[PDB]
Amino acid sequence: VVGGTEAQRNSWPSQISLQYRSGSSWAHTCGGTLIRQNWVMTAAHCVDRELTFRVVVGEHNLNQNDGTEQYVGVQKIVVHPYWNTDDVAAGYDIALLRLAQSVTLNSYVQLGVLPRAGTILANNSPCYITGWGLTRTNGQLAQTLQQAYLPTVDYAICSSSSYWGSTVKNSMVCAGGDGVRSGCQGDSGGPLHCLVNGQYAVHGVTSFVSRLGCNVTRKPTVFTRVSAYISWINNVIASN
């Protein structure tokens, strides 16, 4: 997250760190949202590499004992069947991970609430992105979970030529594009949290930013629109 602030420890208890085995150690690669005690929602593109993955729930600092973490292996990966790794602009950037254990819920570990199917936020609706991604284009991962205030940019504006043009789809949410604050590499798969009728819901799965830079004016961060995939998600979990 570029231009973020450190989240307080209990703000976003559905946020997970998706990690892969590198050497014999684990490295953060992506975010995700806990949606069942044994299921995580992330970006399809996060789990293209044939890697060993684990999930950390209750994580705040990637490099320090928080005293709240639970570390759980990924047992099964279900990528959206229409996902195409060489075509992120086509959408379908979403995957579900079945965990090897069911995590214990507490103030640091809660299920993320998803929007009702078909819900589209009005232009300039207030949202936070969260994650441990780069804090500057071509920078380094955050140590502590970051948040940034990223208002939505509706499809009509986002798909305009000075924004993302034909790249963005109605199956996506755009947010930010102020040139200061954005998602960045390592935030992929994580949530966009938007406050509706007094409660946050996870409206986005972080998908992509511009090839020119993370925080580029009129290139808002682009997210898979969670409310497009409610049936898909439930179908996967009910068959798995």
Second form
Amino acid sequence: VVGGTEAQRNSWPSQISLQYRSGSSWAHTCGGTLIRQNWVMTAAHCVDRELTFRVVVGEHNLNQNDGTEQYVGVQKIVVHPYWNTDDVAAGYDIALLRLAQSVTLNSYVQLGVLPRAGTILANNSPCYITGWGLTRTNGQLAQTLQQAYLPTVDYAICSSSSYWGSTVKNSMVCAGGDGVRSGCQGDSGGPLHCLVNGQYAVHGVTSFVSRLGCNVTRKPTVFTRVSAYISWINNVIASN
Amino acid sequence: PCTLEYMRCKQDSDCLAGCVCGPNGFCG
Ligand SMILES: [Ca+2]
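Okay, that is the form solved without its partner chain; can I get the form deposited with its partner chain bound now?
Expanding to the full complex; the earlier chain stays at the top.
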């Protein structure tokens, strides 16, 4: 997250860290949202590489023991059938991860709240992106969970030629684009929390930014619109 | 576009979409 600030620890209890086995340890690669005690929602591209993955719930500092973490391996992976690694702009950047075991829910580990099917936010809706991604282009991962206020940019504006053009689809949510705040490498798969009627819900799954950089004016961070995949998520979980 | 996953790489083709492999060995 570029232009953000350290989140209060465990203030986003559904945020998870998706990591792959790296040598004798593990390396954070993406964010994710815990949606069931044994299911995590993330971006499809986060699992394009068939590596060994694990999820860390209740995490805050990736390199320090916070006393609130739980580590669970990713057992099964279900990627949206329409996802095409060669065309992220086509959309469908979403995948569900079934965990090896169910994590224990507490104050640090909570199920993410999702929006009702089909809900689309009005322009400039209040949201926050969270994650351990880079805080600057060419930088390193953030050690502590970061958050940045990223108001939405509606489809009409976001899909305009000045912004993303047709690259952005109605199945996506845009947010930010002021050239200062944005998601960055390491934030993919993570949530875009938006406040609606007193409750923060995960309306987006971090997907991409401009090829020109993370924080680029008129190139808001783009997220998969969670509300467009409610039935898909339920079908996958129900198929157990 | 360039995806926001943090991953090691050896060449630009190892990175997704329009992302390139930085001299530090990571996509961006
Ligand atoms: Ca920790």
